[PDB]
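Just the one chain here, laid out as structure tokens, in the form deposited without the named molecule.
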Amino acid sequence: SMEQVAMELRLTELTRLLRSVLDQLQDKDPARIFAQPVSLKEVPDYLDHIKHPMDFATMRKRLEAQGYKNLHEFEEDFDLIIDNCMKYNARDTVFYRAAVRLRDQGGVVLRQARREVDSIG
């Protein structure tokens, strides 16, 4: 139908906007701490601690498959990155501190993304 096409074009444009958001968030992780999944070879008990692991490569795969239907879903995944890290790692670690900086710097990006998503529809 023409409606399904129109819906598909909306999703494609949302995907375009979320790709730009993702790139901007990932720039706030210059140490690449959050770039890839926590390795289960290196942290064999990780899944005993963290039930829903997340990282930027995993988000990117979902994004390029047009797997985010709205900004809320995308934000959920970004928040898992931060929140997983802040539980697994202690406050006095470079990992925890990286997550805090990512959260703080990403807030600004996500604030305007919400306005853009609502604005453009």
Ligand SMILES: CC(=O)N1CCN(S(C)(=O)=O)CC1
The other form holds:
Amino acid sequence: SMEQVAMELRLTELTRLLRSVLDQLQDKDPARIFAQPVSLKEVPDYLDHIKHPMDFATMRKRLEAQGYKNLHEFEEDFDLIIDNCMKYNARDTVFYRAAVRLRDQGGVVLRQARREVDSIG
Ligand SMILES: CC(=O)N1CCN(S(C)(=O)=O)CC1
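So that was the form deposited without the named molecule. Now I'd like the form deposited with the named molecule bound, please.
Now the full complex is given, and it begins with the chain already shown.
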């Protein structure tokens, strides 16, 4: 049907926008602290702490799977990366401080991105 393809063309180019956003979010993580899931081999008790782990690699797989149906779902995943980190790691750790910076520096990018989405519908 002509309805699903035009729709697809939106879901597909929502995807296109969010990939752009994601690459900008990740550049705010130069040390690549959030690039990959926390190693369960290196932190075996991790899941006893964090019930919904998240990282940039995992977001990217969902992104390419066209798994984000809107910007809200995407931001939820971004938030998980930051909030997990600020619970698991103490305040005076390179980890915690890295999540604070990412959250602060990320906010303007998400600010823009929210304005583009409602714009192009
Ligand atoms: C995301 C997070 O909280 N990290 C702290 C633990 N480190 S680790 C296993 O020591 O390299 C990975 C990043």
